[PDB]
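Quick setup: one chain, the form deposited without the ligand, written in structure tokens, and binding and motion questions come after.
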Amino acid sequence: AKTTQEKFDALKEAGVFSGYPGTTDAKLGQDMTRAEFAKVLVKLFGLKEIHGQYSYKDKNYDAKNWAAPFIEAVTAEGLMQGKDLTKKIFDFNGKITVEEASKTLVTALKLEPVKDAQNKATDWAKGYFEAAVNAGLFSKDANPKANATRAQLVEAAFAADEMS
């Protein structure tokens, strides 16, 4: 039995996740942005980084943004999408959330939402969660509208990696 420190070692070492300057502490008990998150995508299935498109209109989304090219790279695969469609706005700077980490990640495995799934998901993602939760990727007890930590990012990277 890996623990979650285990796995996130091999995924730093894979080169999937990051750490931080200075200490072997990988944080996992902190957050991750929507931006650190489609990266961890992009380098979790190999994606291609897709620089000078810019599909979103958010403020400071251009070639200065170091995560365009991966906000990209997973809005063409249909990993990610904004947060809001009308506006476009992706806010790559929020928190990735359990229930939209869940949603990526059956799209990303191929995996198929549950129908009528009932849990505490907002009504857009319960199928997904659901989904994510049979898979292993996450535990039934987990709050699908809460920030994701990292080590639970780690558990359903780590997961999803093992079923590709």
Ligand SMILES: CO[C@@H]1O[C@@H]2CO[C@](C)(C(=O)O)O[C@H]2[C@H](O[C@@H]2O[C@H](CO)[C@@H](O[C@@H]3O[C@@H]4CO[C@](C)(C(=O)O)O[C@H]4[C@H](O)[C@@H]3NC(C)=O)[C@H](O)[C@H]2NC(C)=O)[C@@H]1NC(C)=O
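Positions refer to the first chain, counted from 1. So that the term is clear: the rigid core is the largest set of C-alpha atoms that superpose within 1.5 Å between two forms. Compared with the form solved in complex with the ligand:
Put the two forms on the same core and the Cα of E13 is off by less than 2 Å between these two forms. Residue displacement note: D141 has its CA displaced by under 2 Å between these two forms (rigid core superposed).
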Second form
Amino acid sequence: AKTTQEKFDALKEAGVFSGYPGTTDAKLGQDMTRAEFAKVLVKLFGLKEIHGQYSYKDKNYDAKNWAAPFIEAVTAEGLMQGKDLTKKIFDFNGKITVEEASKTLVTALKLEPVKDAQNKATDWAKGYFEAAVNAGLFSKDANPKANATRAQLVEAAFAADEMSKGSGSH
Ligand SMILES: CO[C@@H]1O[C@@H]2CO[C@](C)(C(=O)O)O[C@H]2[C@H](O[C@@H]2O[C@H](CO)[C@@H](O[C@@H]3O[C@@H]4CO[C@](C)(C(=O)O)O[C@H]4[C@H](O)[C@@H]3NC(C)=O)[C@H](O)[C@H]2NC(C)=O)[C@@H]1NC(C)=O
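Right, and the form solved in complex with the ligand of this protein, after the form deposited without the ligand?
Shown next: the complete complex, the earlier chain at its head.
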């Protein structure tokens, strides 16, 4: 048995999770930006950062945005595509939701989204969330449309790491 705090400490020592911005603290009750979670995914699945490329037209998405190399990496990997393919908006300052997190992890772990899933997720995420719940990445009782707490994300990331180790191709 490991606590959420212990799982954070482990992932932090591994360079996967950082403290809540402005702190080095777990702050398990707080939310996380899509920018921060992009970095988490890059560190968790050992993706290569992509510098000098910008695939999004978000305000202040440029060379001066620390998150750009991570957002570009998850985009190239096919984990995240942003919220609007017309306007090319990632929403890097937006909070990562349980169902958004579910998609990234289900895609990274190569799990099959469940066809004709019945749950409270947004239509696009129904299969991704169902697959995430079935794999034990999130609880059945998690709100897919809710901002994921750092606790939920720590538990999800740790579970995804264990699944990667166990698969034979970490
Ligand atoms: C900017 O305002 C818009 O207004 C729209 C009005 O019409 C509808 C149909 C509506 O709901 O009535 O859609 C509104 C827009 O909602 C968004 O519609 C987008 C296009 O389908 C949805 O995009 C998803 O965004 C995920 C992001 O995170 C990841 C992990 C990612 O790839 O970055 O997954 C992504 C999935 O693939 C999806 N991506 C794509 C490209 O379809 C967003 O999840 C969805 N937001 C919500 C709260 O439901 C949106 N409103 C809001 C509150 O965001």
